[PDB]
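First comes one chain, alone, set out as structure tokens in the form deposited without its partner chain.
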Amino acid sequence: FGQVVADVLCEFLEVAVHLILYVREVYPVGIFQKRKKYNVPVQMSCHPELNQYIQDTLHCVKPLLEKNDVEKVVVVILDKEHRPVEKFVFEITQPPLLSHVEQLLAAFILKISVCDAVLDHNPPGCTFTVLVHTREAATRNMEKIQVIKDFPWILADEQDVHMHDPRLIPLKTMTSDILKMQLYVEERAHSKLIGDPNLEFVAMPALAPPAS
């Protein structure tokens, strides 16, 4: 059911987000402590403000996952000019065994650990943001994600979302009885009609993460 996969996914997304920040050098290696999750070595941040920022973000995603209202969670890497330079897209599906999915989840971690060998180096001084693509028909009502008053979300703009002539690097795909998920990276090369079924609700936290 929705609450079981919500717990599992948010636990996993926190780990994966921490790791992405490490391997893409968004924060210095010196803030990261090695740990083990799903029997794989991971890097977790010890920066309490960064950690709270990631937990607040995922605390707003979690009730959306519980209602099966999440299509994508995306970590965007922005260069110091605030242009997206990399996107880590977690495409999530909950169709209508845990130790099996933890082994399946572990595979995502392993592929993130090697993406720095295929992704080209990021310019210095990148920051990150998170995008959430929801599932239900798109309207301007944000109330379902505004679950923390002091952690506001704002609707994303085309510039926030759509990468410029992107190189596509899939990392990992899983299929399970209760969860299907695809992780891929978009790397920068370096009609708007109301009835359009491609219309999307996409939101990002208004607050920026702690500077590095």
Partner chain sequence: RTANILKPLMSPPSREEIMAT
Contents of the next structure:
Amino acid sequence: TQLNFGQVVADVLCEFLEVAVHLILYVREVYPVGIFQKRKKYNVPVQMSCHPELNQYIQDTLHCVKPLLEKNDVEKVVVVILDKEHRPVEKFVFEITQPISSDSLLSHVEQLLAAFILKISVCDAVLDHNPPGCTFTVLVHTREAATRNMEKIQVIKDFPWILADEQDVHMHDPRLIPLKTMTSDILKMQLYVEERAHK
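Starting from the form deposited without its partner chain, produce the coordinates for the form solved in complex with its partner chain.
FYI, this one's just the chain on its own, none of its partners or other molecules.
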């Protein structure tokens, strides 16, 4: 609604991401259904792990990312599903784009973010079944390479960050499945999935 700098933009996105990451883990069966509880976000059913270590890893991840969004340093936030052999299978990719105050305009972008969630809910329909034994990682693409980025993310202790290898990024013959694009003045975000040729 009201008050604070470019860091409701940041807590909006972070909250959105917490829900997004949780729901991706549910719809792509990365963890058993057992650990999940139905819940309500953006006036839309979502799903949310209450295994507290998983919840912490995701929380710690996004807390580290907050600072980079506050100053709009992030090109994309990628949820990578790896197979049981550590090989990238598919990529949920949030592309985020840069462009006074806020008021009840915010409760307009809360609305636009519901469609993303719904897109994720029913996205088994546009994507091949995933192979079993998958895990997941988080990649952050920054706008340009900058030490200020690596010093802003290395906040949370016991949770350091590294520069990803090519074995962490590369996906061969990747097919593109766009889920949702969105233009407000504050936020311009695309969600698209990069999917391997075969699994």
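Numbering follows the first chain given and starts at 1. Take the two forms, superpose them, and find the largest set of C-alpha atoms that agree within 1.5 Å; that set is the rigid core.
**Student:** Would you say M142 moves its Cα by 2 Å or more between the two forms, aligning on the core?
**Tutor:** Yes, the C-alpha moves 2 Å or more.
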